[PDB]
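> Using the sequences and the accompanying hints, generate a full structural model.
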Amino acid sequence: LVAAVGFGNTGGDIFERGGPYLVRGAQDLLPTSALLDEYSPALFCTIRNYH
Amino acid sequence: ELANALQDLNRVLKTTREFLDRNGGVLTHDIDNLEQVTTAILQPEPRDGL
Amino acid sequence: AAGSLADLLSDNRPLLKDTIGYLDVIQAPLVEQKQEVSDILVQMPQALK
Amino acid sequence: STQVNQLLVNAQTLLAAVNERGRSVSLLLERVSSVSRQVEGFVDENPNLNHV
Amino acid sequence: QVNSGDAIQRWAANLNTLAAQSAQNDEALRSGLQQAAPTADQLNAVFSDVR
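Residue numbers (the authors' numbering), protein chains in the order written: chain A, 257 to 307; chain D, 250 to 299; chain B, 246 to 294; chain C, 211 to 262; chain F, 209 to 259.
Bear in mind the hints are in silico, worked out from the structure with no lab data behind them. Please note that a few of the clues may not be correct.
[To be verified] Chain D is nowhere near these chain F residues, computed Cβ spacing over 12 angstroms in every case:
#, residue
1, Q209
2, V210
3, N211
4, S212
5, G213
6, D214
7, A215
8, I216
9, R218
10, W219
11, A220
12, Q250
[Unchecked claim] Computed footprint of chain D on chain F; a stretch qualifies when at least three of its residues, placed anywhere within it, have a C-beta under 8 angstroms from a C-beta of chain D:
#, segment
13, 231 to 244
14, 251 to 259
The beta-carbon is built from N, C-alpha and C at its ideal position, and this holds for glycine as well.
Shown next, in the form of structure tokens:
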């Protein structure tokens, strides 16, 4: 019970401070994720040719 | 309802204990280093430079 | 919270597995050649100036 | 007897408050078993996670 | 008490079922408590590191 008190309080404070940030970051990552997925084939050959 | 819940809780507690004992120090180190580098590259002058 | 975590794991377990594997294969050459990475990172700012 | 009466009425109040959220309370055990199985499977199927 | 006889029969049967399930998993319950004592401490330590 005491360990649960400590763990719950610590995790709760962590999530309260760093939950909105993760949520809005994963919201704003959708367009750039699609962008990087669309230009997949232009990556391996580009790196090889620059190398 | 209760037998499976108890058994699975026991197993997940054991698995979490092993996983933490094995990966916690490296995971925390990665988080700390990522925080330091991102805070370094998100300072005012690096921000406007980017 | 238990339901949400169970749902997230059940949905993203294979994708997280594949991402772990691909991160492994991406990072193996990066580790094997860490000195070059450090040297070029040290070298670049003076060249840029 | 007064303790018995207060015990019964407060037990009624507590049980009513608890099972007001009956939809989540009824699924508590199933959800905890499911998340246990999911965490166990996630750890079991990625033994190379530590190397990464 | 008579007006709730169907209710008390129902919770008596449910208590019997829950108690039987808990008794058939006595050793699992003991091991669960034993492993639950320090795992919350481990989780609290990890989180407080990354707090």
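> Hints first: check each against the structure and report whether it holds.
Hints versus structure:
Residue placement check: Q209 (chain F) keeps its beta carbon more than 12 angstroms from all beta carbons of chain D (closest about 28 angstroms). With a minimum CB-CB distance of about 30 angstroms to chain D, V210 (chain F) clears the 12 angstroms threshold, and the non-interface call stands. No Cβ of chain D approaches the Cβ of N211 (chain F) within 12 angstroms, the least distance being about 28 angstroms, so the stated non-interface status holds. A cut-off of 12 angstroms between C-beta atoms confirms that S212 (chain F) is not in contact with chain D; the least separation is 24 angstroms.
Distance check for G213 (chain F) against chain D: the nearest CB is about 25 angstroms away, which clears 12 angstroms, and the non-interface claim stands. Remark: the non-interface label on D214 (chain F) is consistent with the geometry, its nearest Cβ contact in chain D lying 21 angstroms away (cut-off 12 angstroms). With a minimum CB-CB distance of about 20 angstroms to chain D, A215 (chain F) clears the 12 angstroms threshold, and the non-interface call stands. Look at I216 (chain F): its CB is around 21 angstroms from the nearest CB on chain D, clear of 12 angstroms, so calling it non-interface holds up.
At roughly 15 angstroms from the closest C-beta of chain D, the C-beta of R218 (chain F) stays outside 12 angstroms, upholding its exclusion from the interface. With a least CB separation of 15 angstroms from chain D, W219 (chain F) remains clear of the 12 angstroms interface cut-off, as annotated. No beta-carbon of chain D comes within 12 angstroms of the beta-carbon of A220 (chain F); the shortest separation is about 16 angstroms. Not every C-beta of chain D lies more than 12 angstroms from that of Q250 (chain F), the closest at about 5 angstroms, which undercuts listing it as non-interface.
Interface restraint, the segment 231 to 244 of chain F with chain D: holds (8 residues with C-beta to C-beta distance below 8 angstroms; minimum three). With 5 residues having a beta carbon nearer than 8 angstroms to a beta carbon of chain D, the segment 251 to 259 of chain F meets the requirement of three or more and the stated coverage holds.
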